[PDB]
Amino acid sequence: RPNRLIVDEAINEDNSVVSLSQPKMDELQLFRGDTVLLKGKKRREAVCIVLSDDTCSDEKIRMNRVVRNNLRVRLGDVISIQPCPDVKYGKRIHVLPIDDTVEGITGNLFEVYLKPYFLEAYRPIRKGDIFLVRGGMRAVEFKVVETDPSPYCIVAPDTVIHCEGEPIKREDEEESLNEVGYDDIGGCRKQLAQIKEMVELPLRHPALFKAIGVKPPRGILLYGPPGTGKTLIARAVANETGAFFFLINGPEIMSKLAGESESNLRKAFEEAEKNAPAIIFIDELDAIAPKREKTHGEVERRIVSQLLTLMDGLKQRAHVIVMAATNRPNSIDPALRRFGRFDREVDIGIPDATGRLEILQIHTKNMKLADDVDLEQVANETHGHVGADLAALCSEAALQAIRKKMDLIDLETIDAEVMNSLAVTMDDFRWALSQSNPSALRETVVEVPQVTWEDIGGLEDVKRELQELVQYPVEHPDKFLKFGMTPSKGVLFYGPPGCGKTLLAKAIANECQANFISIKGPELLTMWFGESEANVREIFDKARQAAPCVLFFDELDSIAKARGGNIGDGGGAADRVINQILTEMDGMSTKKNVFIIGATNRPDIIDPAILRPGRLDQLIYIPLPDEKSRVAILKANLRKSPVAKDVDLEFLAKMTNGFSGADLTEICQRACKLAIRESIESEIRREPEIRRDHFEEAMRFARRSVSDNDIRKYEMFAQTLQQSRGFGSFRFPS
Amino acid sequence: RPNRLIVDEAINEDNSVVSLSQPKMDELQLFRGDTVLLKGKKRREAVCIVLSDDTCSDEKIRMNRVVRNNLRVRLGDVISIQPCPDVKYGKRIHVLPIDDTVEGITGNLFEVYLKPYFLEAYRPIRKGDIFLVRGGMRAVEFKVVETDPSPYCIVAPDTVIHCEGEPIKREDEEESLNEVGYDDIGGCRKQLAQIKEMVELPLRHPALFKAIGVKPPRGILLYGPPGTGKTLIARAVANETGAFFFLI
Ligand SMILES: Nc1ncnc2c1ncn2[C@@H]1O[C@H](COP(=O)(O)OP(=O)(O)OP(=O)(O)O)[C@@H](O)[C@H]1O
Ligand SMILES: Nc1ncnc2c1ncn2[C@@H]1O[C@H](COP(=O)(O)OP(=O)(O)O)[C@@H](O)[C@H]1O
Ligand SMILES: Nc1ncnc2c1ncn2[C@@H]1O[C@H](COP(=O)(O)OP(=O)(O)O)[C@@H](O)[C@H]1O
Ligand SMILES: [K+]
Ligand SMILES: [K+]
Ligand SMILES: [Mg+2]
Ligand SMILES: [Mg+2]
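The listed protein sequences correspond, in order, to chains A and B.
Residue numbers 22 to 433, 436 to 710, 729 to 775, in the UniProt record's numbering, belong to the letters of the first sequence in order.
For the second sequence, the UniProt record's numbering gives the first residue as 22, with consecutive numbering after it.
In short, the hints are calculated from the structure, not lab data.
Honestly, I wouldn't trust all of these hints.
Once the Cα atoms are required to be at most 30 Å apart in a straight line, the calculated BS3-like pairs of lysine-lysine come out as [to be verified]:
#	chain 1	residue 1	chain 2	residue 2
1	A	386	A	190
2	A	426	B	60
3	B	60	A	164
4	A	190	B	236
On the chain A side, residues computed to face chain B include the following (Cβ under 10 Å) [as the list claims (entries may be wrong)]:
#	residue
5	124
6	404
7	423
For every residue, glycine included, the Cβ atom is placed at its ideal position computed from N, Cα and C.
Here chain A stands alone, though its shape is the one from the complex:
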């Protein structure tokens, strides 16, 4: 039906633009830039202009938070189209701010909020419409009080907008439009989508679970390092679904004697029961319910048991979802993670560069920036930053922007024009990057890598084999069932140092857009020296929760070398950490699409048990890079560096016969550093590109890292493992 649509979140941040689809417009006969009168629930309605985009489905309309709240509806609700009958332009339109959103800032609101928002933008306005505008490092809401030319109008440049004063009191059943929402979360698409899925039916459709009886998820546990926005995500979900958000703070619960703690837990659960669909959020769950063995007080044990029995009592269809955030997935009572109490677990995790960019764009939307703030350069060099680190960085830059113009124009309830006249310059961000101190620097990176097959030259057979083991079971799961045969879940790269094993693993992960986890030799040696091989389990857990994933074990022979050679020190090839890796590999399913890649420069000293079937059964030799791979190395290292066009990198890759990838990396690490040095000397004497002479000067110090004997040994190993037997003449008779 043309008068029945479903609400979705708007991609853009436009105040009064709704996105639809061309097939929907086909049955509506509407233009690209016309206006319609959308009628919402509770008799309310608004006027908005439509837009065309292909992201939404045929019968889905995208609306932003402010227009969605104007219609008194939420995501997924039913909204008609009802095109507006072309109401003429407005004349006076009186608008006033809301008292709560204007408190603290006073002055003339025309040149700062009203005029820039209404400049060169014909935005429809109704009597009951309230609109939010971002400026002066704030988000302020304005409500229209009256409109002389009919209740509907369209803002014209000559319209004399009036703002007398006396801000209106906040209404009864209208919520703040800038507190929390899905658009306040940065790049948590997978996790936020998971939470939306688990939470949609229990809360948006409560009577369904009083009439069907299927058990919905009752306990969701958000876990991840601190500062990743778990509380923010829970608040956003509760606000968007409209369910009553009850917040339980771990420290606040545990700061109240030995009485009121239990009373407060019980009262929170009863209040959530008495108040319709609700989300109970228990922030810092490990403060309330840690491992009951490590507790050394009776009241703590009673707190944990009371939480357990409250969670068990929330097995009925009371429409109360209990959410909990912890930084300790393994330091909360295991009895909480059982079925019926906290069944679902969501790992928030570190934001990637895209997520960091999204968070930075969210935190800087109200702030007036400059033109030089890239906001993507910082997002690429904020490694190890959780969203809280990024918020701290943004606030630090903004504060230093205020620390440069601090007492020039006095900020004595201060005027709006001076507030709007601020700017943050990119060098402030580059300053804060050196004063950042990321919290999650020492955290396992789980991200789809940016290495593609372009960054790798040659290795055509290796690329083919890798995509046979990874790309086929992922992108063609129809096979491996028709033929009834599981994909191999592991491969062992072997070859000389510096030949692209890491890049091959990253590129195969990126081709399937799979997560990539790298476990380097120092980490295996850390587990071996400290006898903390139990952490191997955790690594595989991270791989399983991040599926599809490539779990890469670089220099898998590190422990074997640390023990000596092939024998080692008296003992055999088995060690505790590689034994744990074997155990964890046997415990995977091949249906998780977790692929293990081990790399070793010394396949001779590797434990043979890891080469057995059901393990890294395929061995791939990664040889010394051929000339095409050398050209790729040179191009990849030289990209991001201004290099002269006359350099014959193809020629450069011809006498680098037995050179490894690290050899050419050092070749530019020297030529390009000579260029830097020449720049500095010429700048000293005076006060653009890596020339051919720089590359000749660097090649004058070119040495092969891997000797001929080592290459001979690698070739011998490859022969004895790949030359097979004399079965090349086999043929079925007739």
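Use these hints to put chain B with the ligands onto chain A, whose structure you have.
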């Protein structure tokens, strides 16, 4: 504007010397050793001689703790210049110590505190000026009670300074001038500068964070081995910014 400056900490420990910059003096037409009448907040004012130094910026004036407290202002505040119209020398100038800063030490204060401080040093004096002097392994404050030749004067060698007795009670809204400050901290430039940065906007500009909404630092943790003056540094920052220091 010639009548709008920003306060900074004084490099030297001189009691009544303020440091400025030559470009600032260019628009003021003042000599190297002349006197000016600096007017502070809350209607208070004092008289002081200026000095030239290149460390401060063009529009920054350096003042020490005692003269800054005489103007009822703190670091970074707005102070005008208003050069003094060359008031003649004083005649009697009666000064008396404050009761709290003199308790425990008694006797004649002329040869120990007054005369050495006023010997070969023409220091301007106002009626409301209170000045601190270091001697006898102590730091003692003296407040002027009266001045016969106009409220402003300049101390002359032949001036008969009078100290009768009866020390004045400590006033209501005036703090002790020798408790804690930035000049009581030794060689913590980096750390003290960091703390000043994080603390300046939240405390000196409170209404800014009721009108902008950017999150300022709410928790600062000073850590280091014992005896490094963390409590001293915190007390100094609180005293200099004027915010209420609550000690737990
Ligand atoms: N085939 C290749 N394609 C792209 N880059 C390569 C290739 N071979 C080597 N390199 C270059 O080698 C450098 C790093 O080598 P890499 O980490 O892949 O080696 P490796 O085979 O894992 O050996 P090692 O264990 O000795 O570090 C990078 O500069 C990379 O560009
Ligand atoms: N994913 C995110 N997107 C946007 N902002 C974030 C994100 N994560 C953290 N922040 C910022 O960090 C601040 C604190 O995050 P917080 O909710 O305490 O983390 P957690 O929920 O993991 O304890 C929030 O005010 C928010 O502004
Ligand atoms: N950096 C410093 N500058 C000047 N005096 C100091 C300094 N550090 C310590 N002191 C002297 O040491 C005494 C005790 O220092 P204290 O404040 O207890 O150290 P902390 O603050 O680290 O506990 C103070 O009375 C002070 O006189
Ligand atoms: K929060
Ligand atoms: K102390
Ligand atoms: Mg939390
Ligand atoms: Mg490797």
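So, going through the hints one by one against the coordinates:
1. 386/A <-> 190/A: holds (26 Å)
2. 426/A <-> 60/B: holds (24 Å)
3. 60/B <-> 164/A: violated (47 Å)
4. 190/A <-> 236/B: holds (26 Å)
5. 124: holds (8 Å)
6. 404: Violated. Min distance 23 Å.
7. 423: Status holds, d = 6 Å.
In this structure, the earlier hints numbered 3, 6 are contradicted, and the remaining ones agree with it.
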